[PDB]
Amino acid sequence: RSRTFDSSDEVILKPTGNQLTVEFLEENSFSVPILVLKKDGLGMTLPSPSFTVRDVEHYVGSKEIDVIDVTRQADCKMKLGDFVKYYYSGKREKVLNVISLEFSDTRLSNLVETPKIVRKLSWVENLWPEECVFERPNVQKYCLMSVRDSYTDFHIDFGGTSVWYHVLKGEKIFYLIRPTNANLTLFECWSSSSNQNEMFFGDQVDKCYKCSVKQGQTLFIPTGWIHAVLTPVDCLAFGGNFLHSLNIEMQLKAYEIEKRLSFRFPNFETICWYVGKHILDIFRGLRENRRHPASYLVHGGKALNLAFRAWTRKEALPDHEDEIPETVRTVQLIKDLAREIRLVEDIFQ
């Protein structure tokens, strides 16, 4: 069914759970996917490997879940009970898939706890305010249910998020392409092309990696990585998406690609504004303590401020104002971030 791909074991890091720390990611900038073979040390809480799709139906209830018909490349709404009924059907007609069942507001929500590293890095988890007019983005806990021969074409995850993905049962195969400027250009071209779902994108790039994720294993995909997924065995997985401060330019690049392409990280800009205010404080506090900020934070801080100026230009503002929180003074924030960055970069002190 498939083709021949490049060796994942040449690019993909395989640390233990305990080795996967913030400092570990700060050293490599989280540039490559990370496969942890054994969940020990990841800080997760999971149901038993005996846990099944039938077991899921118990907690979420038979709630209208969104399902993807891969066969006819179409999306539709169906009851969860009926999906399970199709799932355990020994004569499967269609090839249906669930990759959008976000369950953090359900009863299942207290059975799963995401990786520790994800909660430490996550913008929403750490920096989204208790009180504001906006709905909190809840994209941290998805229950994924895929049948044999399920596929998702090459894509970048919404909002330029990073992903974590734990296979509880079965297997998933990821086809992974690095988000270089060239690949991203080739990708944006291929995506907005007419009859996009005819051409195979992994042929267009220098390198495409095949990564198998088997039972008990956890994959972390960094910002902007282009990936397709094959399900060669019926799969039950848990996973989710998050933003962080290690590759802010990449997050903004990825975000703005889906802008030009025209499913979405809700209030993406809103969280950036809050993060900009936080990053301003980190800078101030570090300067007053005679300490220099990490290099990636300066880079990211600059990329953030560039986006802030672009969103707040006269010609752009109407498309962006509704995401600016009232608790943020735009011009002052931009001015203050710029000064702190200049002070760190100005060679005369």
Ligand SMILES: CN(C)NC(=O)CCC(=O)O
Second form
Protein chains: 2
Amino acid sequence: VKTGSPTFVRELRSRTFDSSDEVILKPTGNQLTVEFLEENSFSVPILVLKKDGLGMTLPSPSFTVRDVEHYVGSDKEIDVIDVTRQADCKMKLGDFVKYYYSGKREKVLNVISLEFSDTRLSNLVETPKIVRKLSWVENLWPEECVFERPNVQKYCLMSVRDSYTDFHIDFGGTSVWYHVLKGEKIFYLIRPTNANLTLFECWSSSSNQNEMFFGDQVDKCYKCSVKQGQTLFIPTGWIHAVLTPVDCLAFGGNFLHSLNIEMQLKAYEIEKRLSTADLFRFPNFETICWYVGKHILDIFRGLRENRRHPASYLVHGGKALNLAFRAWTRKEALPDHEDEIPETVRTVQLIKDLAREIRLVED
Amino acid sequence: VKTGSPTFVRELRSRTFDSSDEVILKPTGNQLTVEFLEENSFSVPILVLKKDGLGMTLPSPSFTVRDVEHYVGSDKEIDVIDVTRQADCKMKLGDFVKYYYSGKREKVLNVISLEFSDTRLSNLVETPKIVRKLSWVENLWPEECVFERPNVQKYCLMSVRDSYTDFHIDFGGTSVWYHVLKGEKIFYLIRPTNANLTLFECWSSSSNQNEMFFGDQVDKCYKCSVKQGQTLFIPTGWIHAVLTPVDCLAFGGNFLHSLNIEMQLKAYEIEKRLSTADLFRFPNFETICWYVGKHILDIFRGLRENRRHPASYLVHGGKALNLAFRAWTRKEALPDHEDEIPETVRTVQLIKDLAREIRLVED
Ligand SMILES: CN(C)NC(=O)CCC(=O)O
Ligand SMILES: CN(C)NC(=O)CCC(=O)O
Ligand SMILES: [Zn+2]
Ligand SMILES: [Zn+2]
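Alt. form solved in complex with the ligand, vs. the form deposited without the ligand above:
Let us now look at the entire complex, which starts with that chain.
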């Protein structure tokens, strides 16, 4: 029984699973603020039922695959995945649409990475306000910087009944948001504990990965249905698979933030080592980390220069970032990492000062 | 309007509040295991609806105040609190019972710290199995040790309609479990973020504390009703007040554990500084911390000697413990702390080795 097949999907559709109501949070749009995530942390998935309060702009629930073609362009190349084959290829949007409205489910093709920020569709979609407030790339990537900026903020997903993405950790160790405009997507979510990540590493690397459903090798695997109008926020590192049970069109975006930097760095190293992608969807992770380190320094200085105290999560995030900095500039590591260090940053001094301010805020 | 009064209670009974369903977890007895709390962490309150799976032994829901007198003894001294006065006194259990079954609510007296481990009532009550598995004092306090062992594992609470305990952090920075045998207790729970603890410190110390309801000075204050048969587990540090709305008899116990040692140490220092108690309900906190540090060392050694990796939460707990150790044995601090160090412990060496093993498990 191979991961993808109509018999695999058919079994999956029946599968038991641990309820999502156990771990997820279900705030409302207006409740999902920066304070809410600072206080609660962002370590479990978050399903908002209605979009009111999220600050999203979206087309109506009657937008279509054809509307997508209209706004992106028939000729744009798009990555498609063959779901009864788990393999990647380019395809012209037009041919996708041909295939789509045909009904010829002889192949099950799935589109999940159509990034449309440089198309006229960009103007019809605004991402959640929470994401825009948190996002590193959005807030802290400088304009004077001559490194390639990652552009992963807006994706369109068109997914046909019985599509399946297998268990993975997202590129960059990014966090993700998904809004289902129409249809449904079932997410199977597994917590990224050191314990589970080890089983995950082993399973990626396993010789017969394609024959083993990873959610059976772990303690808890949570089924979370994302129906029409609903929005899912998945935290850093969460190992997840996706079954699209009926035709679905969804939107989504990937971001990094300052709430659990240790888990971000961890999710980065692991996804780097296990990824079979030919390209980095998220180039220059380390570059953005460097720039964040200095911003974090400035914040500590500011908080101390005016006799206030930083939140615990940031102190730990800072410490974790600093370790990564030392690790990337050790004499033997430095050649794999040098190219990511922005030319304005004096790493020894950053590390030294970041270390000093962190010592001053420990008990 | 002073904290305690029938007009204060009367207003409280009406008060709006943020729903508890937002932050609490509601597992079942069998789901509440050591793994469950390691994976989920124990950073939000946990309400189990039915006792099945908790491993508790308890008398029936028809046990009474008189049964308590029977098993503890009429003559035992018990701390009582005058709720329209927020003041502490001793009283003979007998006189409490007289007062209790009288119905003379001219004074509102409340019993919340009757510790019955050395009475015949001890044999009728067994605490949850989760607590017994986690508890430092239960598992790691050695018998060869000549320090006074804290005895806070079993409390009986008899609380009359309109009783009120004001907002506090529990002694020792301990975590707490409460089972309501009969009646109800409403808990008003506030997260112990650095942000909220500062407002809390300020409010404790405020000149007119008695006139200000602390749950109005904070972002989020959660009403959590604990009705008959239900069991509440409150985590380290949570600032909470209690309204007993109808007559209630409940049981409970206080424990420390290894899941969030940093917050435990923090909750300790703060509660130490703000407490107006004449005695330490939890003597020798630091002593037990020393012994836990060495056990944690042995675990790191063991995990490394057999090429396995410790869970992140423990690595951080260890690091936080080690800082406290350095802080308590600095040349100038040492005289306030020396007396708590068990004579078998070579602190410089413990700290040095604990520091080394923690370095070996960082990226
Ligand atoms: C790969 N990741 C970024 N995207 C997904 O997990 C979504 C794929 C899907 O919805 O099938
Ligand atoms: C003080 N703490 C340990 N106990 C409480 O918070 C319970 C008091 C009550 O139930 O009124
Ligand atoms: Zn993904
Ligand atoms: Zn308490």
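Throughout, rigid core stands for the largest set of C-alpha atoms superposing within 1.5 Å between the two forms. Numbering follows the first chain given and starts at 1.
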Core-aligned Cα shift of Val95 between the two forms, given in Å: 0.5
Core-aligned CA shift between the two forms for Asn195 (Å): 2.5
